[PDB]
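Just one chain follows, in the form deposited without the ligand, and it is written as structure tokens.
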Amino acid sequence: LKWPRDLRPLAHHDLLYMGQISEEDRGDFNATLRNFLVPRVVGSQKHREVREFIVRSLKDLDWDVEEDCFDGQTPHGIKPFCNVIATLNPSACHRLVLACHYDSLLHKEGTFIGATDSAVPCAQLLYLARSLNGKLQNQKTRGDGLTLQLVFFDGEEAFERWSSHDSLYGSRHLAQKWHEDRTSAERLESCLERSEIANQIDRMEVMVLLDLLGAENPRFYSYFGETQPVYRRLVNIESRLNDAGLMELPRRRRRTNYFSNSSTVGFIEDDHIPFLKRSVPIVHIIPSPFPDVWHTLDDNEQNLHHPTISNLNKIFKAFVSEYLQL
């Protein structure tokens, strides 16, 4: 079976313009990121402040923003959680869904910033929205049944020992709410004709999950067959960007090669898992191997590699522009 949306390739000139990262872009992304570079412990004050910042930032760009709050029991007792869900055009039938988590790991030995995990991926999502905003507001006007949706999960990390009950507090909750919330094509703007929509979860066209990003030389693989047609667009985009000479490398005539055009499995359990059990196609942008710093106290700003971040932003901007045909 083919992908349900025709896969039409980014115009060369957009490819170039997405491949730019000016001084202002660097400044903007870094100023976005600085707000995240604090420990974001579930239930904490800084955690709350981080959430408020995400919300203000998306509402300031006329997205619909939802704060999805609930309490859950954990090995460390009861905790409040708030997922943040931002949707450009609510009434659009289908969503390209980009996601990360904004909670940080409770480390035993001290303050854990969680720069790759997932401060940077949270910055990346907001940066995309801010930099592509004019185009996103133009795309919305089409009313052609597709929009962009960002989710910033809460409580992804295990408090004690990773298990089915201790991890993914936010995803498990939202996946479930949305599965149970019934709808149909006739209640929604411009569904594709083949569509069989019985609930909100059916409206997630593909879920692209970002985690552990910001270190040198990531290596990604396609972790899901269902989503290989989409994963391929990442490989192709990285390649066009290198051809165009728009990747940042240490010497001239080098090429990045982050997205390996091959696959493996892992099943690195994550925020995708509860959506996957209800048939939501998934692309997990997570590296194999995990970085140096994973879950150490040195997952901090000093260990972030700004040339890699820039390159990835290029790929993500272009990727979103191609999927949504901006």
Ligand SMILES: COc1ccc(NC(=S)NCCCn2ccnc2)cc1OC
Given for the second form:
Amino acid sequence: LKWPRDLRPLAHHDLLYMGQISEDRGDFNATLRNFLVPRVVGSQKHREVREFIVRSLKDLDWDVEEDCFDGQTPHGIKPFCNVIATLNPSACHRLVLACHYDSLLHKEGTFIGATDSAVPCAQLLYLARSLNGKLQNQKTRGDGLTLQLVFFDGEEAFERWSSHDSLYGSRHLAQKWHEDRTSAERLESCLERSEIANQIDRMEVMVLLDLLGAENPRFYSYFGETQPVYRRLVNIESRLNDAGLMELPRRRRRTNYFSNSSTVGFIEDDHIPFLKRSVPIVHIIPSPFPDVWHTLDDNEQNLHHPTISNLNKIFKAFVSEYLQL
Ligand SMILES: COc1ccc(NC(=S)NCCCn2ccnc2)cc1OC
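Moving from the form deposited without the ligand to the form deposited with the ligand bound:
Once more the chain from above appears, this time first in line as the rest of the complex follows.
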């Protein structure tokens, strides 16, 4: 049916501003350097990455919560901590942007997972920092909508991927939020026709970023439910190219990352436990996966920086349009 929130197209002025990248490049890369380290569950470096995310966002005055638990894995008992940052906690509805911050425990050697998902992690923090002034202003409106960032732990399997060996953080969080009962009267400015029975119902849409940072990603609409949101991404990308704001190999090329079609493809990722509970999902993951996927070549040098800049523009423009920044 109709998307529950009427989606006001970004004014041209705001598109142009959101599509300028300065020192902006430099800020993003400084943030990204913090994630370009092996961050296997249980490791000191995983703890330091978690602490980095927490601190970056508390420094921005967001409410930051940690959903920590121990879970049984094929390698024994393991500590997991999801990181959840919420710009305005009392706001009824959340635009949720997500990724995972653990890296695969690769048996062949040290695995950085630069695309998987150091880049998405950085892009989330970079969004919060670069939009901070606008976000802090949006937060005072009392409009019932806010931004939330979720950095999932334990997305990767320890051994062969299975329903029980994967998605530890997201399975746990989806459950916890689902059983956490609330209602519209308890919350600030829920939309009129809202059915809120628990926390999971406040996730207006979850936008899941995964495997980003390689050249020329090809995205598709994986979910009919979120097709009106996906199309804003298509449209935004299109206007940025019209504006001449996309970095390309040659003059007169256009990016076409967001395909205006849909694929029949099923990808298991951190969205799955939320999908089962009726959260609308936009799955921003390329198909095919990057060539470096789950190989030791998923490292800093194999990242494509102009694509990353282009994506950052699309995401900033998108969040600006959704929250009307
Ligand atoms: C090599 O190409 C593929 C291999 C496997 C699958 N199918 C699934 S369900 N993979 C699990 C995805 C979870 N995940 C999260 C982060 N990194 C991986 C699809 C692929 O290309 C479309």
